[PDB]
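Below sits a lone chain in structure tokens, taken as the form deposited without the ligand.
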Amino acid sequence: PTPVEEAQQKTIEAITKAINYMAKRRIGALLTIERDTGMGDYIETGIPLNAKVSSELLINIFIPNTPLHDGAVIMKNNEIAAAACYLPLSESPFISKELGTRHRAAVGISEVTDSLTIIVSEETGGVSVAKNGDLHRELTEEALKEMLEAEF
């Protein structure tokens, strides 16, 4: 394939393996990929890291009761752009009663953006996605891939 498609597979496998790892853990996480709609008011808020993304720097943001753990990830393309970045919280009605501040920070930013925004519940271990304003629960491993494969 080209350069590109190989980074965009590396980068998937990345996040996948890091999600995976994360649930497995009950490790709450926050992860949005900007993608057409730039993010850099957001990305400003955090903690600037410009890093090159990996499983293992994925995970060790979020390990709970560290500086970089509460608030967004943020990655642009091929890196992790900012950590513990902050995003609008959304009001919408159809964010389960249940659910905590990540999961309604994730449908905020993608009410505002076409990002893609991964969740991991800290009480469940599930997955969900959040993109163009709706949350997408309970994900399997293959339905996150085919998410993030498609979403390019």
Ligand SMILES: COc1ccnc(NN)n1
Contents of the next structure:
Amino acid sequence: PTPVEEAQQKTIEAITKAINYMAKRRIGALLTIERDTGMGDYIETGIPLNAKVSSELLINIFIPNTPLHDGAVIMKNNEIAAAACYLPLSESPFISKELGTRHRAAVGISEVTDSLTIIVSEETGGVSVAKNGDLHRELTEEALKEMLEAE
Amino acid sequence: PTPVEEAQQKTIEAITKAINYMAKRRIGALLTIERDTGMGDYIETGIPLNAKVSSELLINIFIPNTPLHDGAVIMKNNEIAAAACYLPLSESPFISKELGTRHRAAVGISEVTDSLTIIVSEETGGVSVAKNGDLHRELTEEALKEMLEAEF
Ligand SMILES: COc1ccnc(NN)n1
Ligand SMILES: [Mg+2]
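The form deposited without the ligand done, now the form deposited with the ligand bound:
Below is the entire complex, every chain and molecule, led by the chain shown above.
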């Protein structure tokens, strides 16, 4: 593997470790990975970080009742660009009616960008991914890894 | 003021806001500001962040029972270089006997660098600074801000 490929794999590993920790503890989380569609306007609504990715930093960001947990982390160029960012809420009538604004925000950004967003539910610890306007629910760890590698 | 001066003032405002929040809630914290003596050897022992400073990130780092809360945050100019860093423990007899590892680590790094370290006690909420081998305890918010402004 090249240094770029090793860097992507290390980032995937950091993401999945953090997601698993939060799912176990039913900590709500919202993590959007910018792709070809720029999301600077949304990044600018949050707290700037421009931080190296680590599972530890991701977990510390989403701790309940802390400054940085309310909103979305947005990742760009293999770094955490900002935390506590605003995402647009989807008006789609085809999202499961039991879900709240976290999932609607993930679907909403997925409607107007090619980004991939990961959501951890605070009600169940379930893990889902929003892309292209659809929400993929009740993912296993292997399913999430496959989506991150495919992306 | 120059951009460098404005950035310094922003970083001091972020630090003081974080320390004040943590002091009020008895959140233990250990925050070393690198000066002219390079601290790379200690930065390398922690989790790399290389992150822009904010009061919100500093507070989130030290929340008890989280991955990044144990060990020192080391700041380099206007960045949080790393968290959960090791610092050497001082054996100075002028550290109050009731104080724990955070204060001893702060004095310890202050004996081998020109850095300024801020400590929040999880027992009392009191704020102290370690510099040049000396620990100064029970600082007011004004005293801390003045110390930080004088450092730059
Ligand atoms: C890290 O990926 C995932 C997905 C679904 N559940 C979990 N852990 N309970 N991890
Ligand atoms: Mg006194």
